[PDB]
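One chain follows as C-alpha cells, the form deposited in one PDB entry.
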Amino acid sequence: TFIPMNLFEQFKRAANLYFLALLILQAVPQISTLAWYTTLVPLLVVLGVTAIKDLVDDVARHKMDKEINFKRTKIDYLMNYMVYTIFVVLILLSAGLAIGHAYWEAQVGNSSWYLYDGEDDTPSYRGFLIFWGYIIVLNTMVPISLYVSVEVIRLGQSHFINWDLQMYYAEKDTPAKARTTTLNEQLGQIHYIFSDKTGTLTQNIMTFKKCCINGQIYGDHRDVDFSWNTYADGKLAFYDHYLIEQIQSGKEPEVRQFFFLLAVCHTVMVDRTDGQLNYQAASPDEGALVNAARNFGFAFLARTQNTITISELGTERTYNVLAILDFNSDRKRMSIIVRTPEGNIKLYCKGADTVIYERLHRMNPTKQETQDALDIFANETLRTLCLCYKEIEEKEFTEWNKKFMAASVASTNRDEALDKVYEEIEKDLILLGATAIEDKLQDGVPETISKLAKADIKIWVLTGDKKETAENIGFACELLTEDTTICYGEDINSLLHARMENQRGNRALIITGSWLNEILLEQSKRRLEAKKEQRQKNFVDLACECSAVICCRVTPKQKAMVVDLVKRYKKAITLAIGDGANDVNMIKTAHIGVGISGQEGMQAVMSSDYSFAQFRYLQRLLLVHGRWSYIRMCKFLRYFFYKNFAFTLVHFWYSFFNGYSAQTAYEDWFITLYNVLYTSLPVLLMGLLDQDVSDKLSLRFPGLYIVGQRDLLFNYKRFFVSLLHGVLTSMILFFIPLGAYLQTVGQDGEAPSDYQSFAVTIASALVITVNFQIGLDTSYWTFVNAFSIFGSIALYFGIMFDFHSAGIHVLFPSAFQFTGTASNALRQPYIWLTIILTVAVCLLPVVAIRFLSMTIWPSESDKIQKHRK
C-alpha cells in the first residue's frame, strides 16, 4: 500500500504537518482567505514526487525479494529551526498586524458604511478572526516545496559521485557509490575524515618480502628465481640465498616449523583441481604469507573437516586438526591446535605483537632480538606479524576440550564461552620472531592527503595496526611533514593532568588504543564521572585542532567510539572512509560513511554512505562533489527563502493600503505555482550544475573548500538577509507600481489602474526579479541553466496568458478570475516602463552590491575566476 508512505512523511517533519494543520485552517469558510488550492496543490507535488523518489526503492526491494524465493544533516537541523522561525515571525506579524487592524475596525471600520453590514462585531473580535486570515494569507512564508527540492538536489548530486569517471577504478571495475543520497551538502562541510590504513591507504596486494626467525633478518641481498621443486611456482623474485639453501638441507627445527606455521595456522580455501595449488584467502595476510611457505617448499595441499594434508619438501604429512581458535577483529590474532601423526598435539599461534607479547613465555632468548626487529621492518611500511607455537601435554588438552564441547553445541547462543577458553591456555607460548610483508601505498594517496589538507579537511587515520606502519606510511602520503611535532603519549598524561589541577602548520601526536582508553578512564561517581569527561572533551580539543593524529591499536569497538566523541562533543561534521568488517561500526557513527572496496570483504562497503575503490578518489568527492554540492545546496536555500519572503511580503505591504485586512496582492493561482513552477526549475539546475570553477580548477585550488566548512555562504543571519532583502524587494515590487498606480499609468479607453493589473504588475516584476536574480547567481551558465531561467520566465508568461485567456475563464469563473489583465497590463508601455523600473530598481542595487562587495571583498572563487588560466 502507498497510503502508509505519506503517513510518516508528514508527522516526523516539522513543516509537512504545518501545511496539514493549515489546510484545515483554510477549510472552514469562516476564515477562508486563501483557498485550499493555494496549499493543497503545492502540497501534493512536494509530497507526491518525494514519495516517487523513494517509491522506486521499495518497488525494487519487492521484486528482488520475490523471484529470489539514523543519519541527519546539519542543514536539515537548520531548516527545521527556520520553519519555527517563520512560525514565530508569521504569528508575530499575524498578531503584530492584529493590533493595527484592531484599531482600523473601530475608527474607520465602524463609520465606513461600505464595510459595516449589521452584525455585532467587536473591534478586537474582528482582530481575532483576521488573526487566522493573517496566518492563512501569509502561509507561503514557510516554503512548501523545500523538502522536495532538498531531496532532489541531494539525489542528483549523489549520482555525480557514482558517475564520476575519475573516481572509477580500472582493473577492479569498481565505480564510486553514493549509498545514502541524503547528506551530499555535508560532503562540502566535512571537518574530519577517518581511515583504516589497510585497504584504505594501501592496495591489499601483499607479497612476502622479509621475515625474522630466531632474531635473524632474512630477505637481504647476500651470498634468484625458485626452480628446485614443483611446489615453488615461480612468482616471487627473492634474494638472500642463505635462506634459500637453509631449507634445502641442514634444516634447523625452528626454521623448519617456521614456514610450516605459515602453511597451517590460517583459514585459506586451498585448491587442487587446477593442479597449480592456488590459494584463496579471505584475509590478505594469510593468503600472502601462506604463499611464501609454498615458495619455500612448505606447501599446503588440502584440508578436511578435521584433517589437513600439509606437505613439506614432498613429504606429505597429514595432521588431524581438532579445534580452531578463529580470528576475530576484537582478539587480533589466530591460533590452531593439531595432532601430529606421531601422536603429539601441537599448538601454533600468529598475529600482532601487542596481543601476543602479553602472552610471552617467562623468558625466551628470542625476546629482545625480536622486539628490535619488528620496528626495523615496520620502519619502511612492513606489516609484521608475530608467529609463535607451544606443545602441551595430553593432560592439558583433557580439561581444555570439554569446555569446547559445552561451547560447541550451537543452541540459541554461543558467543561468551569461546572467549574465555581461548585465553587461558594461550597465556604461555614459545616465540620465533615475526614475519614482514609490504603493502605499498596505492597511487594518488599522497596527492589527495596533500590536496585535502590544503582544503582544510582534518584527516585522521584510525587503525588497530602497527603504530609504525601507519606512522611511516603517513610521511609516505604527506599526512605528516617536518613541521609537525609528533610526540609519544607520556607527555600527554602529564600535560593533560597539568591543565586539570589548574582547572581544579599542523600538530600531531602518536598514541596507542591500548593506551587511548587509559586517558578516557574506561559522591565519588559523580565527581569521577565529570573527572574523565573533562579529560574527554579537553583531549578531543587537543585532537580537534589537528589535521593528522595517529590513533591506533583501536578495535572495532573503539573505532565508532572515537567518531562518537568528536561528532558529539564538538558538533563537527564527520566523514569516515573505511574498510573491512572491523570498521562497519564507525562508518555508521560518522555523519558521512565511506568504505573502500578493498580486498577484505564488502562489509564496510555495505555499511556506508558513499563507497568507492581508492582513497585518491576522495579528492573529487569533497573538492569537486562535496564542495559544489554545498555551494549548489546553500545557494539554493538563499534564493529559496528569498523568493518566498519577497513573494508573500507584498501581502504585508498591501495590507497597509486595504484596511490591514490581509488581502491577496496576487492572483489566486500565482501562489500555487510560484513554489513549484515559476522558481523551482532554475534554482534546481543551479543546485546541480553551478560550478564556481571548473572541475580541473576545483582540484587545482583546494582553498575553495573553506566556504563549506566555515559555513560562510549561509548562516542564521543570511536567512534574515534573504528576508530583509525580501522585505526591500517586496516594497519595490509593491510601491513602485503603487506610485505608478496612484497617478495614471496610461489611463485611456483601456485604463489599467485596478487591483488585478496591480497584482499582475507585481507578479510580473516578481518572476523577472527573481529569475534574473538566479541568473545573477549562476556562475556556470550552461545552455540548460540559461534555458531554465529564460524558460522559467517564458513559462511564467506563457501560462499566465492561458490563465488570463478568455478560454480558461469559462472553465472556472469563480477560481480563474484574472482575465485579460496581463494582455491589458503588459501592452501598456507605462506598465512595462514600470516593470523595467521595478525590475531595474530590484536588480541594479543588487548588481551594484554584488559588484561592490565583489570589489571591496572579492570572494575566493571571484579572485580565482577573474583569470582565464
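Note that the rigid core is defined as the largest set of C-alphas that superpose within 1.5 Å between two forms. Residue numbers count along the first chain shown, from 1. First, how it differs from the form deposited in another entry.
Just one of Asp173, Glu529, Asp443, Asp117 moves its Cα by 2 Å or more between the two forms on a rigid core overlay, and this residue is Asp117. Once both forms are overlaid on the rigid core, the distance between the two CA positions of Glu426 between the two forms is 2 angstroms or more. For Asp777, the Cα coordinates differ by under 2 angstroms between the two forms after the core has been superposed. Superposed on the core, the two forms barely differ at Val152: its CA moves less than 2 Å between the two forms.
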The other form holds:
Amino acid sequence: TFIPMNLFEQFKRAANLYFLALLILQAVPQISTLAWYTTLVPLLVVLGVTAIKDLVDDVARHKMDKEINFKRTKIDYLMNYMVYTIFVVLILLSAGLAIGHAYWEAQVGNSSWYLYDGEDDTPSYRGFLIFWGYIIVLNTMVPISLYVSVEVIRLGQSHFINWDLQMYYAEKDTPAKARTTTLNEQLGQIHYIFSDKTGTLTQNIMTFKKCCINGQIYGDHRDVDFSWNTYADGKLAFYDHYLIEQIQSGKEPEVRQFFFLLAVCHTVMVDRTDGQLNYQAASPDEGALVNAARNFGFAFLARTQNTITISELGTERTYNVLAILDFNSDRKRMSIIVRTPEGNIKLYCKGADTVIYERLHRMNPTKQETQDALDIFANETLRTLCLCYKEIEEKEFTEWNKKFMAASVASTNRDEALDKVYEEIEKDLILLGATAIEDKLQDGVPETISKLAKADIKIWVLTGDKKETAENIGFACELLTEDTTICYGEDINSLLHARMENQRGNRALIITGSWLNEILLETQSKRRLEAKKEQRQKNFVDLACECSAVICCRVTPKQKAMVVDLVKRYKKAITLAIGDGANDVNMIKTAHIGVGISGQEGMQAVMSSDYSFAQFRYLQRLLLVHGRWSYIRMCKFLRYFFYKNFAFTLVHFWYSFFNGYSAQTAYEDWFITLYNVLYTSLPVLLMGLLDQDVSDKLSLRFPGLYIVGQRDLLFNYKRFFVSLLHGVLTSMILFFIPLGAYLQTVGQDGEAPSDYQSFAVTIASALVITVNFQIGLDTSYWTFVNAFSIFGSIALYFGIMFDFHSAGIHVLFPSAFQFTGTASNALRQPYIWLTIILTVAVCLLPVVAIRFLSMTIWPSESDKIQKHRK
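Coords for the form deposited in another entry, given the form deposited in one PDB entry:
Nothing else is written out below except the one chain.
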C-alpha cells in the first residue's frame, strides 16, 4: 500500500532520509531557523510525485489480480557521490559560520543591549546552537527534487524509445520496447557491443541449398519442379538434376538414409488439418530441413508417443519411437533411437561435426573428403550439420534400455543421469554426410556495423556456429575488412606463455571456444592457482581489447557470459549484449545494457533484457540518437540542477556576514518552499526530454558525436565543481548587487523599499529570472513548450508572489504570511528594477561571454556541425 511506499523511499535513498532528519531538527524550536513549511511541502510533492509514478502500477496490478482471479548506471553512482559531497560542504560551512557566530557574539553580541533574550548562553554555546541553524537554512544545498526529476527524465526519455516509429519493424509488427526505465544515459556511454551471430546478425529465414553424402557433393547444377512428388511445394528453388532422378528413381541406401534422417531426427510439430501438411518448428534449422525433406518425398506426417507417420515417396511406413536424445547448447548434437518394423534398432544422429567426428567409427573412408566438403559449404556462409548413424545389438540393448528407463529416477538426477546413458551408447558412429543451409544478414547490418565502429564501439560477436561460418559472416557484414590480420588461439597462447614464463588499424581474434578454455584452463597451491588465473585472464583481455574486432566460435552460453564478465571486471568498460534465443540470456544479464532481438528462435531472450526491438538495424538509433541524446540531456540536467540549487542557498551564506551569522533567511519563507518544486522545476524537466543538440537525421550521419559520452566529457567529478563555482559566483552577484544598491539610498521616500522585506524580494526576483534565463541559454531546442515553461516559471513567480503579498491573503494567516505589501511596493520602484536588471545582466552576460569563447577557441564536434546547417 502507500505506507510501504514512503517506508522504502526514505531508507533506501540517502537524500530522502536526510530531509526527514531535518524535520526533527526543524521541530525543536531552540534551533529551528526555518519554518516546517519549508521542508514538508517540497518533500510531500517529491514524495507525492514519485508515488504516482509507482502507485499507478500497483492499482493496475490489483485490477489484473481481479481479472485473472541490480543494474545501476555509472552516473547513478556519481550522483550518490555528489550528494555525499554536498553534505560535507554543508557541514563544513555550517560549522564555519557557527565559529563565526560565537566570536561575533562574544565581541558584539554580548555588548548589544537590543539583542537581549534572557537566556545566559555562553558564546561557545550560542555558536553550537546555530551550527544546527545553518544545517537548516543552508539545507536546500542538497537538491530535494533531484531523485524525482531524474526518474521523470529517464521515464520520459525511455518512452521515446517505445513510441519511436523509425525503430518499428512493420511486417512482424513489433515496436521497440525499453523494459528498464533507469538505463538511458548509459546507452550513450557504451564502449563495447557483444552480439550473437545467428538470429541477430542473420534473419534465421532459412532454406536448404546443398548437400554431400559419402563424399559426393549434391545440390549443384549438373545433368527443376518437384511435381512428381505430391507432398512437394514450389517454395524450394532447387537446381540439381542428378540427385532428383536418383532420389526419384534408382534410389540408393545412402540418399534414402540421409533424407530419412532429416525427417526423423527432427522435433518439429506437424499439422494436417489444412491439407498442406503444415509445419511449426521451434528451431529454424529443424523446420527448414524438414521443409526441404518433404520437397523430395520424405514427408513427415504425424507423430505420437510410441510411433511416427513418416512417408517415403508415397510409401507410408510407420516406425516405433523408443528414445530421443535431447539437444542443448552443451551437447551440440541431437540423436534419436527408432525401431523399424523389420525389428532392427537404428540410431540416427545429427549436429556439429566437431562433437560428432570425435565419436566416429575407426573405419570411415569418407571422413577426409567430407571435412573438405564441410569446409566448402562454410566458404559461402552455409551452416553445416553433420550426420551419422549406428546399429545396436539386441542383446546389449536390453540392459541399456532398462538403464535408460532407470535413468528417469525423477529429482535432479535427470540433469546428468540421462547424459551418463547418452555417452555410454555413443561409441561407434557410421558417417552419412552433412547438410548445407542458407541464412542471410538482416537488412542494413553492414551499414550498422560500419556506423557503430565509427563511434569507437568495439563490436565483439559471440557465436556458437562453426569456425569458418563466423569468419566469413564477419567479412560479409563489414565487421572484418581486407586490412584484418586474423589470429587464432595458438598465436595468442604462444604469446601468453612466452611472457608468463619470462616474468616468473583493423585486427581480429577469431578463436574457437575450445582454445578459449585452453588458455584460461577452465593452501599455498590454491593461492598460486588463483594468482595464475588472474594473471593469464588479465593478459587475455588486454590482448583482446587492443584489437578492433573479435570473433568467438564454438562458445556455449557459459562461455558467453564468461567473456562479457572478463571485459567488465578487467577493463571497467560499459558493455552491451544483443542477442536472441535462450542461449544468450546468460550474457544479456551480465552485460551492463541488455538488448534482445525478437528473432525467430523464440520470444524468450527479450523479456530477460533491457531493450527488445526487432532487428539489429535499429541499434543505430538506440545508441546514436536515443542513447547519445539521453546522455547530454541528463548531463545538461545535472550541470544546471546543482547550479540552480547551489546558487539559491549561498545567499544565506553571504548574508550571514551582515547579520551576525545569525542564520537569517535572505529570502521569503514561502519562496524557499516553491523554488525547488514550482519556480525552477518545470523548465529543467522539459529540457531533459525535449533537448536536441543536432537533428535525429544529422546525428546518424555524424556518429563521431557519440564519442562525447564514451569518454564522459560532459559530466565529470570536475564539472561538478565548475557548476558549484558557477553557483557560488551567481549567489555572490545576486547578493552583493542588491546589497550595494541598498547601502545607499534606494527610492527612499514615504514608500521606501529599503527594509529587509524588499531585500528578499529583490534577491529572489533577480534569482528567479537569472536561473530561468540561464536555463534558456542551456536549451538548444527552443520548442514552443520550452519557451512556455521558461517564461511560465518567471511569470508564475510574479503571479503567486503578488497573491502572497496581497492584503487578502493577510486575513488567512497574519503570522505565517507576514510580507504584506512588499511585492506590490518593492517592484513599482524603478531603482529596484534597475537593480534586478543589473543583477541579471552582470550575472548572465559573463556566461554568454564564457560560452562564446569556448565555442570559438575549443569548438566541440556538436557545435562544429551545428554551425554548418547543411
